[PDB]
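Presented as structure tokens, the chain that follows is alone, the form solved without the named molecule.
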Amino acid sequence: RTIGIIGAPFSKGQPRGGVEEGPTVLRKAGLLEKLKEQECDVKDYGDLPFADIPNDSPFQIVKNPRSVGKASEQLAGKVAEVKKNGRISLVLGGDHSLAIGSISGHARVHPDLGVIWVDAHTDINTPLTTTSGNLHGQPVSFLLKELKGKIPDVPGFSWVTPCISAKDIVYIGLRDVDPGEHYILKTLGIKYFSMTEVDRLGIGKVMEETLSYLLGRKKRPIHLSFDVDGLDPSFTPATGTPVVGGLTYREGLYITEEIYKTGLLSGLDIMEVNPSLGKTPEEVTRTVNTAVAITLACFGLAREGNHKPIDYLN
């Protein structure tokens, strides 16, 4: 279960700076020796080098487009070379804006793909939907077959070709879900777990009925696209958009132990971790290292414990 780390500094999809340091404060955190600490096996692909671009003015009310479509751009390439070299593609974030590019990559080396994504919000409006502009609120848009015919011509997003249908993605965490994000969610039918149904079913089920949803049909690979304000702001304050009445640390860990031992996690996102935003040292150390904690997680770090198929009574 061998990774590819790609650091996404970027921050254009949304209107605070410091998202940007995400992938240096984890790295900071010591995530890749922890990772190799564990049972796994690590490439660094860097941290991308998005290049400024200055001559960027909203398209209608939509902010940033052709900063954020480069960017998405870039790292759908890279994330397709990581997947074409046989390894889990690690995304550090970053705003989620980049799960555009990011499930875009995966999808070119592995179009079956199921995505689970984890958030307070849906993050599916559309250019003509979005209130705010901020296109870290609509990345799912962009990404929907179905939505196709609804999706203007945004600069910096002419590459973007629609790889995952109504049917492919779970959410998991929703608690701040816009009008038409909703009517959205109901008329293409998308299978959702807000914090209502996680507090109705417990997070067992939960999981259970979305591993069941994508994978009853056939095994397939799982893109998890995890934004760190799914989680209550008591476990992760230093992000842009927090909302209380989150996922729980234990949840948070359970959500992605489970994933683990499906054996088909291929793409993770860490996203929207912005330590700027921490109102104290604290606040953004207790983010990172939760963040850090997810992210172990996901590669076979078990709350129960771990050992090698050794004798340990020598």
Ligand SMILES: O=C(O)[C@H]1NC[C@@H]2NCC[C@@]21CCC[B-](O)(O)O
Given for the second form:
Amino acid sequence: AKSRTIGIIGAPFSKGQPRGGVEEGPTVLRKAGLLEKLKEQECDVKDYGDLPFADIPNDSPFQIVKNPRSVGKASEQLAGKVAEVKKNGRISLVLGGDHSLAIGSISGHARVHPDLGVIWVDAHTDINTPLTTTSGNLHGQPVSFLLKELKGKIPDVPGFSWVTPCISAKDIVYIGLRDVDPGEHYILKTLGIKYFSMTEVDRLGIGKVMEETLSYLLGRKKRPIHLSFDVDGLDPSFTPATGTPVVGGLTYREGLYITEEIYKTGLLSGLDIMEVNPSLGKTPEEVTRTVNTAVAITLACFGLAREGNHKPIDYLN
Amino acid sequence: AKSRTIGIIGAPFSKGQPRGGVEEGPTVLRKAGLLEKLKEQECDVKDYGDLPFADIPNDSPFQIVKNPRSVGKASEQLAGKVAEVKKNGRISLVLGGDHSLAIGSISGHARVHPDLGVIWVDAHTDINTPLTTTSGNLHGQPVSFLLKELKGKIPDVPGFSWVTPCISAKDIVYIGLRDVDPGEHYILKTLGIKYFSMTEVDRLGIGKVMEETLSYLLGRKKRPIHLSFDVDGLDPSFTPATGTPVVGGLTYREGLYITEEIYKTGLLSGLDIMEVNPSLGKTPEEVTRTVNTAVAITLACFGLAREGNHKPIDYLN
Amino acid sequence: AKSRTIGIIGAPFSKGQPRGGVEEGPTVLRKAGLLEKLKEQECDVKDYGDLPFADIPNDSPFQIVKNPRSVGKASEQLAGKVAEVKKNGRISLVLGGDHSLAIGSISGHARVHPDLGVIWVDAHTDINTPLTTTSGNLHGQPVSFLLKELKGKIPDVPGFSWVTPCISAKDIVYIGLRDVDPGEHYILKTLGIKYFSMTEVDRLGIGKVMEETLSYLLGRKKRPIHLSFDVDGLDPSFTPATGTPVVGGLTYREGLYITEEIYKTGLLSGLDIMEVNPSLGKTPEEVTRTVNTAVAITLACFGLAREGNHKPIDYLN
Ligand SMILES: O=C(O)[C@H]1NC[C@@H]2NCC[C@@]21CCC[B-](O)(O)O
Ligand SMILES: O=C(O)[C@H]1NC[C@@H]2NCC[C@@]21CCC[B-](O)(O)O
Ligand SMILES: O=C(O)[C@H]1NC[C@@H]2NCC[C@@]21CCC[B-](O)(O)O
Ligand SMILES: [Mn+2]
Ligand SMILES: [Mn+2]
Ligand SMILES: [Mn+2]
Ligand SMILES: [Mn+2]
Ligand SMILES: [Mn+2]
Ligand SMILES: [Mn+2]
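Could you please show the structure of the form deposited with the named molecule bound, as a counterpart to the form solved without the named molecule just displayed?
Below, the chain from earlier opens the complete complex, with every other chain and molecule after it.
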């Protein structure tokens, strides 16, 4: 089935942020037996491997923005590969790696599917511009590089001249926000982006959050969905091995429900499993928990249901 | 009062599953002060003691089905004891023991009240037949032996000739589901059994889940309610000392809300507190925590409300 | 802005209960940088200091009621300081200290704002009278001294001759109740007090609770709100360093949702942060977890929003 025909892309990249180890995210997710569990779930899995991100020495900052050429090239490479995987009729599954890679993941997906709608699962908006950012970390900036409305607000940053904004403010829904910088809150509110902070999740429950999310994106007509999942969108009690954890996150149950509802639409075309840093758990158990949750999240994206699952055969015969 | 009149049955049995210690559940629950706690709560409590489950050595498997004669005989003796407790005008409170004892508990209860409805609180459906089972552990099959619609699909298993299916597929509601086998999922779907998996709980909220459950079982006519509570129904952060734990469970609050709602009907007639295994904690606190949660669930079944309770007297005098 | 204009009152008092350390509550909340954090989110902050509570030797009990003169004088002192702050056109922020100080806090507030409405966030009703109490601890009795409808039910207790009942049973809403004594539950029913115990929060969701809480108090017209927040209203997994902890409490999210909703009305006029006891942590991390949670709740009462916050300028310039 289309909703179970997958292409795996490893993105061992970390230079989009300061904490080392997120480049081991595809490695630890593969070792956890992701490809195997997907095949046991009636999925047609093709592995495209891990992208070779060659080192860029003398990659001086653009103002305060660190490693621009490295980030820009990594996303340039991932775009080409996501566009490749999408042309072959497969759902692209990107194993991160820091959230800056979403520039390439969405741009590559948009090349083949321009009418795509984004669902962004994160504690963060990641919408800072190279001028609004105070950190200079490009994993907190991918959405600003992708929005057509922020054209003219993004300066010519080294390594990003290949970029062409591919999504409008209207094409994205955020779920799980709880750590939004003031510039980002200004962008979020002035551009009129649809969002569900933890406040909206609390008020409505995840049930109506999904009803409202999917209706907003798929009301007009059926269109491709790109889910960019940052594991820090979930509470640190489920994904502690992450770069920027924030308390009061989405439960494991909510995370499963979101991915379960997206599967049921049959419109998943792109998936990002981002910010798994296996060198950041306090105990070895913390690392396995994060990886186990990220694996559980991905399987739900491709059919695994909590009510059970069966093949089209009579089990009583 | 009828909703607070109780007959306690200790069912120290473990041969429905592979892990030793579930037979100590009735000891630990008593040791925790369950009898004293119910009497503080204005309950009329009679202790019927623990059932002697005399050794049945030479009980070789029926196909892949382990200990069939021991499991069947225990459920047959339990049925007889539940029927006697029911004849004494008391609510049978069976302290398990593995969940295979539900064959006996429900058969013996349906003997006195054939019009009963079942609420099954568990992470699992326990609806595998001796032919769909992969484990061959009978605690994962009790419901198949009880359903009228499965008559013809149950082989002639030694120790089970006394069993006549006593409930229709329409007289059962599952709450808590998150680990369902393929064969079980086929049965659940084709028989049209009402269930609220962790997906429905997430979607609706425990509030609507309880409203639908009580309307579905009592809307047509008021009838006795048999609640079969498997402690693995709750999240392993509340009930860790159990045989088959599954993440993303029902919360402590959700557990108490289910039971407070059942108490308020005044129609609870049978209760099963199953799968407590005091040998299965990672620490001695994990054990006390499971017993404490189980005790708390039991108290809510017999009137203990979080808003408070008071006797019919003038407290300001 | 009125909603962000604060008068800080430290109340290091513990004699309303038998556990040492609750007097260090103002100290640890200040140490964690509360004032600095409020100033950072555009609040006008005046520090009225930590009140000096003179020792009362020969403070003989009233029947079973412990330290009546000490608790009575501490509240009488706090009433004077709260009324002074209210007369300055500032919202009073009381850093406790046990909950018996709510006698002084609400009394002092009602002196300047007789039309006030109270939101009581607790695991407890704290409505026992000096005659219904079984512990004799005054922190479990403040509401009884404040309620107009309990005039004639409260005897002449030394230290409380200055008290005038200032709120009607119709002017208070409880949130989070799960440990209510018989006498308290009886007072709740005979006086027709509006409450949302954990049972109602479970049935309705924190969204409906807040819609209903605000419309019950403000339906007729706008009126000042006094939020009395006991940290034990929240689950011991978020606030463990407290004297009387009860399992199955409000989540970290629910706590913020309540306080974010109260900020939005712009009617917050009085606030108490009660029962933080830093000497009741099992580990130093338990203490920092209670304090950080208590700070998070306080900041949400004065504008900090999970969706984000921005100054009234152009960030894209
Ligand atoms: O621009 C920034 O660096 C910051 N702005 C809000 C967040 N707060 C901490 C870091 C952060 C980015 C999260 C990036 B992440 O991939 O983890 O979602
Ligand atoms: O038939 C089986 O063995 C399995 N079918 C689903 C469950 N998954 C693990 C074991 C299991 C039984 C749970 C039994 B219990 O009492 O814990 O619900
Ligand atoms: O009057 C009493 O002592 C008791 N009545 C119900 C409660 N349960 C134990 C203590 C308690 C009051 C908590 C006071 B507190 O401030 O923590 O809410
Ligand atoms: Mn992100
Ligand atoms: Mn993030
Ligand atoms: Mn079971
Ligand atoms: Mn189970
Ligand atoms: Mn209190
Ligand atoms: Mn309290």
